[PDB]
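The chain below stands alone, shown as structure tokens; this is the form deposited in one PDB entry.
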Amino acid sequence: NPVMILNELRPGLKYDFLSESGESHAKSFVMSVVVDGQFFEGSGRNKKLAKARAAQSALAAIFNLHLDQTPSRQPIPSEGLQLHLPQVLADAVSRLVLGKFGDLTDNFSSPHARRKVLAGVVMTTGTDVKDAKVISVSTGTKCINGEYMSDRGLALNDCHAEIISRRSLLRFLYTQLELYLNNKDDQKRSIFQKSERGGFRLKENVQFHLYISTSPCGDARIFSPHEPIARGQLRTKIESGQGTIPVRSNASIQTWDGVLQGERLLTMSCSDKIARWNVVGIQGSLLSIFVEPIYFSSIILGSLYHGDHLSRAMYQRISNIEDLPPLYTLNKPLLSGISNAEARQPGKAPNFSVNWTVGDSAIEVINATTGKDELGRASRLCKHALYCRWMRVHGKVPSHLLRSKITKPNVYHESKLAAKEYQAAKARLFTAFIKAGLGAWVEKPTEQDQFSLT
């Protein structure tokens, strides 16, 4: 018991309360203390829990670590261990995303502050942790209804927080490319550089870290948290509710006329999508035509962390992958929990998804069931908006600069097919999942991308 050990090692020490937040099941307190001058702090739904976490950080920073559970240990990154110790990096990206969300929700007082899952991307440009910069913040836990599908890219299909955070990261990447291409003097401020292999690549030591308030839905969450000590099957998000179901071993692909006749939309679980990002990269196909693949360096979970299950879901399940195109690889990012894990909130999920990217003046609210904003307009993150930004970048880069030839792009799906290497890596990933017995990836009907900007 950290409070007991700190109270006996430093008998005269006294704890200091700060301020409570939320209400009922979502309420949480923040306690602080000052032993030998350091300003230790912790948090929990009840003050005695926050008390123990503040005393825990105090005992760790002034003495040694407590009786840490083995599954709670973090599988360290396969390479690139430069952003200090993994727990300090985890707690830093976690507090940064929570604080940016508090700024975007007027100190959690706005109606959109109530949420189940919170997500965000953090960028580090150097060895020091002071250099962190929040890139995107999002919330969401629902998917578009089958009847609200857009045949011209105006509706978001998946609004789970981590998915929306990646789309916001894509908005930041388009901004950085335009930042480099709009002026010669601004090239030093961009995160990109021209690559010796053609196109662009990230500047040295630029890293993105993903934070989710809970383990990603799907395979990463199929374990019993209270009995730690097993089949990485692919799963699809179910319609009418949170949670996933394994993909059927004998199921035909989605049809556009069938999503409105009987079959519910089958979106892949977030766990499978992050493994997919660990192979083909987080930039998607269109951005690959301009830049080299980008991968997350870390995956920080605010709750439901487990090293065996999360590592099995993020990459160990598809270690049999092979013959990847050059630059592509099986990412093995740092996986870690946090010192102040969130408590479970038993209750119904919100119908709205919140999203924000650095440089935006405010958050964007989306109705996850319809894939559009509360007043029926297309989202900044929708396919059509992304393709619009991509077209803007395509009209400024010389044809020789492109990593894949694609003169006069028109229909969205064809521009995606122009990324031959990304498509090849995606094919390798699909065969890896099949060869491992985890099932075949479910793809949405092609009519979903059969649209031109015109």
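Just so we're on the same page, rigid core means the largest C-alpha set that superposes within 1.5 Å between forms. Positions refer to the first chain, counted from 1. What changes on going to the form deposited in another entry:
- Checking 359, 241, 326, 99 for C-alpha shifts of 2 Å or more between the two forms, after the rigid core is superposed, gives a single hit: 241.
- Relative to the superposed core, residue 410 undergoes a C-alpha shift smaller than 2 Å between the two forms.
- Relative to the superposed rigid core, the position of the CA of residue 132 differs between the two forms by less than 2 Å.
- The two forms, fitted on the rigid core, differ between the two forms by 2 Å or more at the CA of residue 345.
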The other form holds:
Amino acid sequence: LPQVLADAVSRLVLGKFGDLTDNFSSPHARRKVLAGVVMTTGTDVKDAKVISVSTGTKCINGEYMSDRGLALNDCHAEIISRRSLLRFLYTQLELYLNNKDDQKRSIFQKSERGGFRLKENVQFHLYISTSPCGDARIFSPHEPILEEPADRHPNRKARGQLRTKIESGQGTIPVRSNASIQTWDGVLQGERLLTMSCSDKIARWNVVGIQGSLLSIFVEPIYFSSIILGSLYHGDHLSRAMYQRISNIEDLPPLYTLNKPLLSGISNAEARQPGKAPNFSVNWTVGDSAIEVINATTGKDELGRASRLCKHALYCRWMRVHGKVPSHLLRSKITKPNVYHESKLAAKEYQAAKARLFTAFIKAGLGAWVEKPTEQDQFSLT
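Next, report the structure of the form deposited in another entry; the form deposited in one PDB entry has already been given.
Below you will find a single chain and nothing else.
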């Protein structure tokens, strides 16, 4: 049943969080927002496993961008929990590639289309302890009211619109049709760094998948099968934000779709957390022994070291896998020089999903996507 599934993953993610903070005692149990992914392999609750857990509510300061991929740009909890799912994807890949004995315990099989795909009946589920910023939270940032008045104004231009977190300022701000293009040059000088809101990033994952461009060179697209909120659930706002606002999307590459995961809140809504919001963010993937703590305003850990989630890390997980995947077993055969931005461009089909996405928002009056300065990915491991 759907409501039992919701409360299940709600409890799973909490319990896993506690084990890592010794029953929420640890100094790093302090949070404003919790998130996590959970994997199911069958309808039995005994078949459900927590893949990752995370906290955080802030984004990097403009002047700490890393031109060599060493800083985390966006530490909103659910953004972080996807990045930790990505590590688990790279692990289950190196797992399959050890020998035929190990490869049975991987979640991937070989795909009858090229590259790899998940085995049947393995699904991932996203838990956020609050509604994702922008289109799904902005208009009702509050615990839903027993006596409804749902919206009242579903046709205002502001409904659906793409929106950004904005450096050192409140709100998630719609994309202006005047102001456009961010530059490395500029934000160092003082132009406040725009980051696309979390309701937007999750709508994107509902089209291009949760795996990213780099992993799509090995894997077929993957989707969240449910999205569960621990508090501040609003069925119409959420359904609008996660997909319905772009039901005008067309021409997606094969195996891409507009995914419509199950949406649901939980029975016992989580409680507001009192205090100043922590400026740090913790992350944990299945297979790690402890949590990692990142200063969100620096996108680095307390001693200035890069995270296991940063672009440079993930490039390196990606290369190790690249080096043992037979050129024939690739999903793309495009060759690009070994720099982060360029390897991404080798995922031609993913890049065209992306393009249809950006177009669906634009044609629907909902604004044009805001990207980071191109310099941000023009780094190499060499």
